[PDB]
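Before any questions on how it binds or moves, here is one chain, the form solved without the partner chain, in structure tokens.
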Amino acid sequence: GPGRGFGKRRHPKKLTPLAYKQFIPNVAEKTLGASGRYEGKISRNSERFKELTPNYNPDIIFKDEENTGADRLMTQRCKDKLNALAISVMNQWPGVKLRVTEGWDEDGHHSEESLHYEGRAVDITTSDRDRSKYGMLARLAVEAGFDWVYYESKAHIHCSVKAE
């Protein structure tokens, strides 16, 4: 084996928070190494809507500002990574949970094209809304396997996933 010192790490380095307006990987979202191409908007009255799955994780707060439960509807991959992050958030800050401020968007809040229109993007905070935490939250989102993570706003981190 590689030797002692490459076992279970007793004193791991702290992971690095991302900086305001940083994105990882450091390429455009729609590029192949990140979240790949936009396949087009999903409407409620389509059949790609039926591929979207609802996320009912009790450890995740859904703002659901629209009161439609649309924020819960996402692709399986988006659900998988979001569920992984919900675990790591609680581990990092006890008593704190992951919060989704926007998921699948039916209302065109995101320019002409957006991964929010196809259940492949969430905007997130900590449940305590302590904005000093968000650099680290965005780091946790990277390590949880989101395919692109962008510290878009002082108010949220935007995370997205590849299609399927």
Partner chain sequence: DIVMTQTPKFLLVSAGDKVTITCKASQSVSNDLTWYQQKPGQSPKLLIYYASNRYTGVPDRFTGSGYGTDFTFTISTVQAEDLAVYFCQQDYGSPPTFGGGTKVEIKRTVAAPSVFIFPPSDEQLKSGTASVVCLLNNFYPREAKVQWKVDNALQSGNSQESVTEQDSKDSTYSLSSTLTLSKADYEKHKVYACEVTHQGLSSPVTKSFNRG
Contents of the next structure:
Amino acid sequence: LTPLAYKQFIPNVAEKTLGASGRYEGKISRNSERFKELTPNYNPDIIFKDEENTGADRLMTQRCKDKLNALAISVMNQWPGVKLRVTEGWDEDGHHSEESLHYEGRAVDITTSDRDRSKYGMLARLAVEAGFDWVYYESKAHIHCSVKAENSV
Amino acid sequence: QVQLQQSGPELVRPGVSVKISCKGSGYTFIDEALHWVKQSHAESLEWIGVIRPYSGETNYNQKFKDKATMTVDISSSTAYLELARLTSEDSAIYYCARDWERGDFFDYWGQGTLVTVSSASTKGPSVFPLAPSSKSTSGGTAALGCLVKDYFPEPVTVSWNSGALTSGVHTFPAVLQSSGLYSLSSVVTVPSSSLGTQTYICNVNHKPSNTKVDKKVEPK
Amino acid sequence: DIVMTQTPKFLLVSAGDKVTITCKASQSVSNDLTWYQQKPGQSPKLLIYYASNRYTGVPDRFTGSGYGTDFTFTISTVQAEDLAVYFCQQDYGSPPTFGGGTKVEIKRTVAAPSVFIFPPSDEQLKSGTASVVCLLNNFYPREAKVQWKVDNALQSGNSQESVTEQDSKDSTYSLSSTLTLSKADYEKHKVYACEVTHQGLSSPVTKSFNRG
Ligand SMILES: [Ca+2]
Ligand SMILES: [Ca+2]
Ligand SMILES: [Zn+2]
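Same protein, different form: I have the form solved without the partner chain, so give me the form solved in complex with the partner chain.
What follows is the whole complex; the chain from before opens it.
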């Protein structure tokens, strides 16, 4: 298991391509019927930043939960005493790209709980192994992970 | 509402150290990294370093490694920057700025702290009224203001009516007098019709001399 | 360290025109490029990050593009309030480094100054000095001549002038000129005049007072 390099993404294709996470289906807003498809992840082994104080970071698709929960296990196995951390889940802040998978609960930005940047390349490798459809070492401060839409699986 | 509030301007003698502060509010202070940035005019913005309150970790620009020390006081939500052994090169505006855990770039900035390195003594300003008169009227408007004379170092700040009056205010860049002291004026244009009912007070601050003065500007 | 070379250094543009600023990195910075706007007497404000993402609240007229070494910041239709110095910053390499800035100044139609004159205060006179202030308010362009006359004699060497930054709402400038005399000299003369020449005036405007 080798860490991802800075700015590396796996698989080595664009996020929205068929081999990776696939196309953006459309923004999910709070006042929408599709908002009801999102449920909060309440995993005790995951830290949610929730700087918004809204619980938005917990909201994600079922497939996102499944891969994130597997990742929570491997993180603790890799570094005893450390946990998976989520800085961004579903987003309504507009704090991502124009057509971000965050806007429909298909992406998370993650760190370790100790916010040790030196662990993030390996964290990214763990996210690949946990089954995320696309993983990108997007900034010095976080790893972006995403999944296929529910109706693509 | 995220805010970073910095300490006031400083006059410091060459060879001495200065400690400037940055207090965070409107977010959980311990939770975000705080960076320091220098602004001159000739080398405009330069990153000094970052402190991470949550871990206590610091990273310095090698250019500032011998010069700067970053600390935090978590209980008071305040970060500190100490610059040692000051020279003329060190006169500048210093900002604190927060990152938002998306990389090393900055969503909220402090207002800046101006540091002037000089062996000269501080001098507080004299404040004189610029009264609205029959020689300061234009299309039914009157101009009035305050002359802020003979201070050192910069900055003087001026507000009108405790910040309640901002429209049509011009607070001019200071000029350097032959003495080496600064002077500035702050003016405002107002309706001529209400000179009898409205009150106009300039609030003048010069932190290095601990001057806080207020002057009511009346028709003469 | 990575050097960010920003061009041009200055742009003069009418409201409605396009603004194009270029930032070039000395080595690849991937997409780790941020653009900030710094309005007169303010701290920088974040506009674009990851080279092309608009930050929240940032108007559609502001965009960024580029990847690697070549980056472009565009204001599609510049507005009066966009007068500012714009900076790029990379954070790919350590330390983070900034470009040198581009000053965006606004071109507009000619505006004549409103001119006002202020005698010295009695309080100042008590202290032994007399400052006389001439105010030129909200004019365009910056080019303006102030001439002090005392009993019709042209003054030299006893005045200082200062011009404001450009106004973010009407794109004008203002200017203050102060004539400084000792109380003794001030009391030797009667007529104090400020004569203003500017493009927007048909002929020069004089504001004056008689001491007393
Ligand atoms: Ca969040
Ligand atoms: Ca968010
Ligand atoms: Zn993301």
